[PDB]
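All chains should be modelled from the sequences, with the hints used to inform the complete structure.
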Amino acid sequence: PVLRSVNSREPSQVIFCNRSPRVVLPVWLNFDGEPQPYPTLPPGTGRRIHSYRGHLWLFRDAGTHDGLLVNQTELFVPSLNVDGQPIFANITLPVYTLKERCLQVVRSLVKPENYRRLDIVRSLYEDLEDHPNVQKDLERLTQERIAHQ
Amino acid sequence: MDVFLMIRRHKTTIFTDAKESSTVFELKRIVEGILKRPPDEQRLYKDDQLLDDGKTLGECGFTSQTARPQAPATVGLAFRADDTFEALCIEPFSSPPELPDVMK
Amino acid sequence: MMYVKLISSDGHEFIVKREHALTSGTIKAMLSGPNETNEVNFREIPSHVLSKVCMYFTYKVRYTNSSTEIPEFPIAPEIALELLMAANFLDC
Amino acid sequence: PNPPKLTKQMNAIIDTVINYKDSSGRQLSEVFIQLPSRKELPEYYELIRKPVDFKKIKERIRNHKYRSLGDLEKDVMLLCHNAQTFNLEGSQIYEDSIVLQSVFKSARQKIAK
Ligand SMILES: Cc1ncsc1-c1ccc(CNC(=O)[C@@H]2C[C@@H](O)CN2C(=O)[C@@H](NC(=O)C2(F)CC2)C(C)(C)C)c(OCCCN2CCC(c3ccc4c(c3)n(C3CCCC3)c3nc(=O)c5c(Br)cccc5n43)CC2)c1
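Protein chains in written order, with my numbering: chain A, 667 to 815; chain B, 10 to 113; chain C, 46 to 137; chain D, 6 to 118.
Treat the hints as calculated values from the structure; they're not laboratory data.
Watch out, some of these pointers could steer you wrong.
To be verified - List of simulated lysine-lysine pairs, DSS-like, C-alpha gap at most 30 Å:
#	chain 1	residue 1	chain 2	residue 2
1	D	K26	D	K63
2	D	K110	D	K63
3	B	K28	A	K777
4	C	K62	B	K64
Here it is as structure tokens:
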């Protein structure tokens, strides 16, 4: 797998800093590229955590799995600890498209079973049902990384 | 510091940004460039109160906390109509329909 | 700066920076082929929805490429479906 | 309290197992040092009736709970069997416990010579 943690033995202290209004789910990509859910971060909180250089992390809304950014990007990799200092992983909301933001709100208000009882254009039902998922986003990111290489 | 504004007259709304340190007159100059009416032919309001030309936007009450891009502050605009300033009039936007039952 | 006029189904006129309106591919397509030069009319987008769309163009322009904590774009339950319909049409 | 020669042997064997590094330089004992908490992984405590880790083993040498090399062997064999019970065959951790079990046997032979 292209997106996976490197089996490194280099310890790396990180500050997971939740600068978003959501409950954050940190996701560690294991050595076999499989996503591993870690303890959640309430909004406006930070935790000093133990990781390794070369380890791959993703951040999602814990409740919905909506995508979040870390240091203005999708993946976080602990790197060089300058003069002992822990690495800061600033977790924030992306500037979502209006469509994706609307989908989020409609999803929070309607049960999936009731999506097709809404009076909207047919393709919007498909978008409502295309729930945000770690595995889905990984597949897209894998293609994105392969195209660069 | 940037302030995000809705300048409203009747059925017209101008969406614009400005500096907190910028003045009412500079904002009247932005209105002139768009609606082709000189500053003296305009009256600007923050709710019921008429804003003075010299006063900064921050002095009027427009701060980053209240004039947000996703929630702009309303600046009322009145023009001199039939040789005299018309009463301040802003037409309301439409009303959202009854919320769907599956959304209830 | 250039300005464009976006007109709601109920005749409300929203004057926004050309740059903000070009966020939408649909708006771009209707500013390059249809009454005036930089005026676009939306026959099915009401003023309570169009106003929120203009707020969204502002929010997007301000918060894209910025080192600041990004606030949530708020959307009231009552405008949620109609805002979804327009955002879909507009591709925003 | 145990005789001083016995305590030295126990620590020498356990240090060999813990400081064991494979071909890649990876310390196989690393994940086995500390058990997962009962809060984070309650299934582990529902499945494994006698949980042990290398910190618990070190503490049992130190407090003279093991009165022989056989007593120490039983706990290392229990840690490895636990690892082999909870985790799937072929997983890194399952495989690491197989190697640690072998390293223990060799280290006990060396000290007995
Ligand atoms: C607080 C907070 N808020 C937001 S994020 C957060 C937070 C942040 C950090 C931590 C701790 N840090 C890590 O988990 C880091 C992160 C990422 O970089 C990978 N990682 C590791 O440490 C990995 N290790 C290594 O790469 C190396 F050490 C070899 C170099 C490892 C997962 C494979 C262990 C945290 O940890 C809490 C949850 C993390 N889990 C890590 C694995 C743990 C574990 C520990 C001991 C185990 C074990 C599993 N398993 C299995 C394997 C998985 C299923 C259970 C197992 N089976 C056994 O049978 C056994 C026995 Br016999 C004896 C002793 C331990 C044993 N263990 C359980 C907790 C919470």
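A quick look at each hint next to the structure:
Of the supplied pair hints, the one linking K26/D and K63/D holds, its CA atoms being roughly 19 Å apart against a limit of 30 Å. Only pairs whose Cα atoms come within 30 Å are accepted, and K110/D paired with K63/D is accepted, the gap being roughly 17 Å. Distance hint between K28/B and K777/A is unfulfilled; the C-alpha atoms sit about 44 Å from each other, more than 30 Å. Proximity of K62/C to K64/B is assessed by CA-CA distance (about 25 Å); at most 30 Å being required, the pair is judged to hold.
Going through the hint list in order, the structure does not satisfy hint 3, though it satisfies all others.
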